[PDB]
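Shown below, as structure tokens, is a lone chain in the form deposited without this ligand; questions about how it binds or moves come after it.
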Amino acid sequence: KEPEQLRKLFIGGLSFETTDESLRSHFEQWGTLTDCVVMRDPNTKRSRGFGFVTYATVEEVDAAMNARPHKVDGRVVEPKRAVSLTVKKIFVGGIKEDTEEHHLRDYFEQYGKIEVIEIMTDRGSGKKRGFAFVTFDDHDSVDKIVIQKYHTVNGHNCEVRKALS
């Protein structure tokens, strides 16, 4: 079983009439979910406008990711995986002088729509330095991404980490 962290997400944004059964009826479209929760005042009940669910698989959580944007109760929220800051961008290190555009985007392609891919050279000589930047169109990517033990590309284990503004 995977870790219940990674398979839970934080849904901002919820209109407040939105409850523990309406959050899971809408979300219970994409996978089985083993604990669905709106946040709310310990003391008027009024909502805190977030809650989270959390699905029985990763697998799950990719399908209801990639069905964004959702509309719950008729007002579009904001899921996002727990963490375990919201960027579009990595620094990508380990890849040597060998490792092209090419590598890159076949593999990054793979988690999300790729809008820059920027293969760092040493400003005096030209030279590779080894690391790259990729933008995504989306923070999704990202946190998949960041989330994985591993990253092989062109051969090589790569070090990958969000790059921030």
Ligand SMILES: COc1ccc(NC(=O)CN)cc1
Second form
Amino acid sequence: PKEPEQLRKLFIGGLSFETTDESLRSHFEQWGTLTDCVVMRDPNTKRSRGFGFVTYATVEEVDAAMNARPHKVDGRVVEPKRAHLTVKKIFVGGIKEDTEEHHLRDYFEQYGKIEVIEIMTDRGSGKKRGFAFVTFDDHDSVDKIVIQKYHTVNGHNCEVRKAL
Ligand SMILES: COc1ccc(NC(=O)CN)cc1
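Next up, can you give the form deposited with this ligand bound of this protein, since the form deposited without this ligand came first?
Every component of the complex follows; first up is the chain already shown.
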């Protein structure tokens, strides 16, 4: 009944070298229960590697943490990412000739703030080619999208992947 642990983790980059397991935990526990929280360190010197990870009890807690960005942890703005090809644009395929901008917008706007929707048309005829690109203002939207098993838009079962 628990979501897979991999989907509950956040890799936190750009840490202050002074951040510890304890201070990273105290920060990120504001958005959920942490089942794990570790700062990566050198095995010999114990000096921070500048990144670490936190594991929440649920995916909704991961979402809450991501929605609370930017995170300033021990004085430094850090870079959380879900468990990286960091892009803001998706390819959406399988939408056929009847899918319009509003179909894509109404669905994808619940993943993130949309900046561009490009419904692809044939260079020669202008007919729709059956695929589109959606650009968001931030990569987490795409990360949430591509881990779903299924996307249904305008009644079509769509293929969605990271784009460039
Ligand atoms: C920034 O854009 C969005 C960010 C988060 C959500 N929803 C959730 O996080 C729901 N748990 C939707 C849009």
